[PDB]
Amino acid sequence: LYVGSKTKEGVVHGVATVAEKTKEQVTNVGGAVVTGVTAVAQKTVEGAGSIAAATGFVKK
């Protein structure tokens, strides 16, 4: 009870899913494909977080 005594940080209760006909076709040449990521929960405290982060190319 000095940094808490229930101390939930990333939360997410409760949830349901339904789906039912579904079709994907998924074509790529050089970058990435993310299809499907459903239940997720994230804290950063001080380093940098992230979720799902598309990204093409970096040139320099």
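Whichever C-alpha set is largest while still superposing within 1.5 Å between the two forms counts as the rigid core. Numbering follows the first chain given and starts at 1. First, how it differs from the form deposited in another entry.
Superposed on the core, the two forms differ at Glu20: its CA moves 2 Å or more between these two forms.
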Second form
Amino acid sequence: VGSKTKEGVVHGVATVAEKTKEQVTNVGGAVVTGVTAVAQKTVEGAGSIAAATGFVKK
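Given the form deposited in one PDB entry above, what does the protein look like in the form deposited in another entry?
All you get below is the one chain by itself.
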């Protein structure tokens, strides 16, 4: 019962970022800026890769 399982895989990626200026200003919240070539696999779990989750209150 031979079973192969290629899951949550990422291969053969090539990004090129040319940026003269890159700022992230944050006042009161969350920021999630740059993600590249990210992989995940959960079992009885909750995956949440890029989750900027803000709560401003008073």
